[PDB]
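This document opens with one chain alone, in structure tokens, the form solved without the named molecule.
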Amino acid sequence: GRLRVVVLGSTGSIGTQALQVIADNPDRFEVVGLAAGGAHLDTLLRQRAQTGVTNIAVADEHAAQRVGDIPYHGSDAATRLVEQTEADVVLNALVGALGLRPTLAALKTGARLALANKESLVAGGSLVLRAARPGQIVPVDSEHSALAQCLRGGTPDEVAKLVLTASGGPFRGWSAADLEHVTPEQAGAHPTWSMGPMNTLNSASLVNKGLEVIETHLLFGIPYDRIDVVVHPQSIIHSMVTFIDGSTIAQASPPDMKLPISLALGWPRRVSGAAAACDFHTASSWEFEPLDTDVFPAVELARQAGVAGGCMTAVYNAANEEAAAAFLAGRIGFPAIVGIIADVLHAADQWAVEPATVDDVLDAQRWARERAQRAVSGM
């Protein structure tokens, strides 16, 4: 039958790509809700006009003032839309802290949650896991989607290791000395129209990989010492699972987020024609190499944060946001991003307690931000 889909973050990269998959597959999906921030209000309004969906939410009141016929506006607008809309699937493609409450609300409705919002898991952690039922959360990102597919190759008891691939970023194979003089531009901080500067930087710093390692633990219930990372420059193999017999199962496709998006939406059913497959008519190679964890310790730090548990991963992420921004403003050098994360985490043991509420997570993030600010400024 047709799945009713709520798209949260309809004006961003994931959201718009999802809407294309849905437009291409009217047999499999129908949009029944759209939520956006308001920065791209004009796009949301064009989306209302194109899709015919009037069930929309805008967070920013100022932006909402420009329209006068938005059913959900102001803070918690997305959350209210989720609470009040009958749906089969909620795609949470919201950015940052504010994806958390809608994740919780969507889980309570009993819909499947196609999750892109990293903060829901990296920050929300045990709040989100205690609220979600088995199979309810389906990951949107390429590595997690790949692991979900590869896990089909055996029972849960047969898994030995999860292996995330990592592009390695622009500084793949760079020495510590090389990294000393990395500039914001080199770190891929261009005013690229769709993605924010943080995504390319997190990729370059290997912090994104650490975040993905944390999310892997929470999604698939695999201990951190069994979650590995290999550097794979082509990004054709999106991740792999190694089983107890020594067999490894791997997922491969030319880069294209429409594949994992389509699969998250239709899970467990694949969407015909979603993306192009690997073509073996011209010679190619898939290369693998280890990550030098002395030069790139962000993944080791993520495992430490993850193992400590509670709000420690919220701390890891919030420290990064602050240090990364400080790097982009020229307040610190590149190697000092992960240096500050380590300094903040080392000081953060009070946050190992499990959060009872969203406010607990926010307090952990507040603490981590100001602690990172002190480290940056020298105060």
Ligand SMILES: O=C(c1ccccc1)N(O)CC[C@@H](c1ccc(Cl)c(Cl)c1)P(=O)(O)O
Second form
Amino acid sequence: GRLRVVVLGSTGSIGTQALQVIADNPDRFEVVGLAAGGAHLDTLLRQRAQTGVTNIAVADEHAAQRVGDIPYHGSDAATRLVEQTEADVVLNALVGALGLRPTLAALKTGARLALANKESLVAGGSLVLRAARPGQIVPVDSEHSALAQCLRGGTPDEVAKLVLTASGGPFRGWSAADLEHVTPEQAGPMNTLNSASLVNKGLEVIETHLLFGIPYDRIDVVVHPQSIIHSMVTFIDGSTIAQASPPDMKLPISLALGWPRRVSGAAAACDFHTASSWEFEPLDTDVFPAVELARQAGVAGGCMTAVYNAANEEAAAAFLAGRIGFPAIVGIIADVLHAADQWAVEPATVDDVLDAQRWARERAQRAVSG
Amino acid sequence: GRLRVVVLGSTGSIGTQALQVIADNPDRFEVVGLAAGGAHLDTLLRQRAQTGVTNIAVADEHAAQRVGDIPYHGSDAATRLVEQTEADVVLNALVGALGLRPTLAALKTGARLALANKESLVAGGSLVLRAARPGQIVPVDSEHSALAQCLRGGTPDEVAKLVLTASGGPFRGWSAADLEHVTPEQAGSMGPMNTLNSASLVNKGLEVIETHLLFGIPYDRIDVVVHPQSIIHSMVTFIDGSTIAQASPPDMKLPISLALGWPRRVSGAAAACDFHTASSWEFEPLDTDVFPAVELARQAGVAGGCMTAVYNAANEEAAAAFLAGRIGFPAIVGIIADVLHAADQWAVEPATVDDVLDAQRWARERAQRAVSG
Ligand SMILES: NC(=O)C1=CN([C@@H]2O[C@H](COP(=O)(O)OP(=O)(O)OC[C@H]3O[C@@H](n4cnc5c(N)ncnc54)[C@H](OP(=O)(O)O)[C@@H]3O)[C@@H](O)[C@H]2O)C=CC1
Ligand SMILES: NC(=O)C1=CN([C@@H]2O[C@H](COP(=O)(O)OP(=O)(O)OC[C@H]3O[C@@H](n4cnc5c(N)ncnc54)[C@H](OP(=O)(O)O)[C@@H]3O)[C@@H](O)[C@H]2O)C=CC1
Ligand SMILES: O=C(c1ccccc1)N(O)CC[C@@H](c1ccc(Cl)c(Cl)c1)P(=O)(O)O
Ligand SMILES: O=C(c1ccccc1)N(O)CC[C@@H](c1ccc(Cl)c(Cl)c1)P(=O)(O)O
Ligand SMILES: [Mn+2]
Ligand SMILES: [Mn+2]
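Shown: the form solved without the named molecule; wanted: the form deposited with the named molecule bound:
Whole complex next, starting from this chain.
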């Protein structure tokens, strides 16, 4: 078989690597669609030139007019490209809750969704799950890919704990007082910030619960600054199975596209002929409260994980524009969450989620103002 | 659903641990037979009383007379017990190539063989494999238990490499010159020959051959790395560059519990890795200039047939010499290399158990001459 692949967010870090893997393996994969935001003119063209098909979407209006030929544009350009293209695999490499509609469309087409866009699942919640068949969503996120490989190591009831590794970000070891002084420069895009703030890991804890069906109190996080161990599963007998590789998104990308077949040569193996060490430390939850906050959001459930994420997108951008200090990103997430008791109802519709996100954006905006 | 277990070597370190896992899990397992040498009579008495089993083999006739009520004694006793006990699992935790006939009798009963005694597989080689059905031999060894767990991570043709971890023993990092002064006590939780085989790296050589025989993976894809914590017990690297590893604080009850109940895991068998406190897992290469045992094992394995039985028998003899104080530490493996490079004839497949025993005899006698002249 030669699987048909739509790449959403193809001008991005993940999309590009994905494109490299596909190009490297013509016999297994073919690109048949590319969606971007329009902000990276050059790349998108150099990308069309190399593919074969001009089946493409651009979000920004001013931007898509600067090119032409473009089958789809508008804020729902990405979503439309999914509905009308035929595929075996849809790779959602978009960023933010804006990936939610194409996530939802991807699932209706009955193709595999290789999910990089964790925010879609995080906001989506039970809604996105209801839209999927067992094993239709295959994670691209290196931790969740690692977990998926390690879970072949037993049966569901033999699972005791899922153990997430985290890099710790660039402020690993810093005091709360050290965090006051953090600049956009030191924390650097929205993906790098989420890492630095550990909001990313919070998102990943939520994504673990949704993907694998494991209680929040059995999802651990451990700081591993080498990022070679990508995550681990601890089983009931005391055994732990772990996945390791030098960090390289091509490995998890490859596995998600060709699941369950492994893609030969996708990435380099650990070198066990050269001395190395793998360190572990506890995450400082006093100084980095974002993870506990995500658990609290997750347990509450319903639309609350939408609120968590939406508050972040708003607070994080506001930090990037110099409008707030670094510790205020999560301070604002918490304030918003503390006031959101109403959104702990299950999202019946797409619009239930969009309402919660609107609510949270505007709540976060006001705390930025105040 | 209750599994009947014969434990060979019950009084030893593995056997004791196995009896504890069994006593902790009476719904899952039942001891139905015990075999021991006769050197630990208090222990054996206590096991008879705790398990209620009188189906016991004792190798030493005089010891069997002292304990009393022993149905099987003599060197063939353990074999006889296996042949004459209905069981679902035989746990062979004997030490050395003397485990060989019990191993073969066990496979012939059609019971699962939970193999702790790696020397009977190393020595029997293809003869043992011909007597086995797929999945019948299940590893108790911590490294191989790990590999079997990690192999669920792919399909056979997705494996690039099997990687065995080594503790490195008490002389990890030492030089060739340093090893010259090693004494029987420095080379001294396991038995005496097993601890010595760890210190000399022969154990790891044996484990390389055992990996090959158990998993049918070529020697050129079986690697070794030194990992001093012994938390990662072994790993598999896949064709896509991904590595899957199995990790736990070192404790044999884990792999024991898993071999008995394979493929079902046993709840609470051992402690899990705890990350509430900072730690590190280290890796370093092994220096073959200093510890040639492993490369030498790979060479014996590639030559095949009775060559692995020669490697092990030479060791059993040369190691015994070292403990009796008759040779220097480095000559254990020097003597194995010399016996092996002279054993051109033994590279033929054994047709019968007698081929293996002849090979062993020849290796032992040549080793003993090297200890002498
Ligand atoms: N970076 C990584 O390696 C990892 C990231 N992730 C996840 O992967 C996802 C994407 O990551 P990554 O590729 O690095 O992100 P990037 O920011 O590098 O790329 C984002 C992509 O989305 C496009 N885009 C931006 N705005 C819009 C819009 N309004 N409509 C449609 N498309 C738009 C961009 O196009 P353009 O910029 O040309 O406008 C670009 O192609 C995220 O959800 C993240 O959480 C998780 C695992 C690892
Ligand atoms: N211990 C460990 O942690 C590990 C061990 N292994 C392997 O498992 C095997 C067993 O090791 P271990 O338990 O440490 O060994 P021990 O020396 O602790 O135990 C040896 C057992 O065999 C019995 N025995 C000795 N001689 C004879 C004989 N002639 N006939 C019948 N029974 C005899 C002993 O009885 P007696 O009471 O007379 O001494 C004792 O029960 C070895 O092959 C070893 O390499 C593998 C993984 C790790
Ligand atoms: O999955 C990944 C990833 C993994 C490897 C390479 C790139 C991204 N991420 O989520 C990126 C952020 C995580 C991460 C993971 C690995 C590395 Cl090498 C880095 Cl710098 C960051 P985080 O633990 O700091 O939150
Ligand atoms: O499988 C085991 C074992 C593992 C853990 C605990 C006891 C024995 N062995 O073969 C014993 C010897 C091996 C070993 C393994 C782990 C440890 Cl903690 C030690 Cl001290 C020795 P070796 O790598 O030194 O050869
Ligand atoms: Mn990640
Ligand atoms: Mn071992």
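Numbering follows the first chain given and starts at 1. Throughout, rigid core stands for the largest set of C-alpha atoms superposing within 1.5 Å between the two forms.
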| query | finding |
| --- | --- |
| Residue among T242, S253, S145, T79 with C-alpha shift of 2 Å or more between the two forms, core superposed | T79 |
| Threshold 2 Å Cα movement between the two forms for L44, core superposed | yes |
| C-alpha of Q65 moved at least 2 Å between the two forms on rigid core | yes |
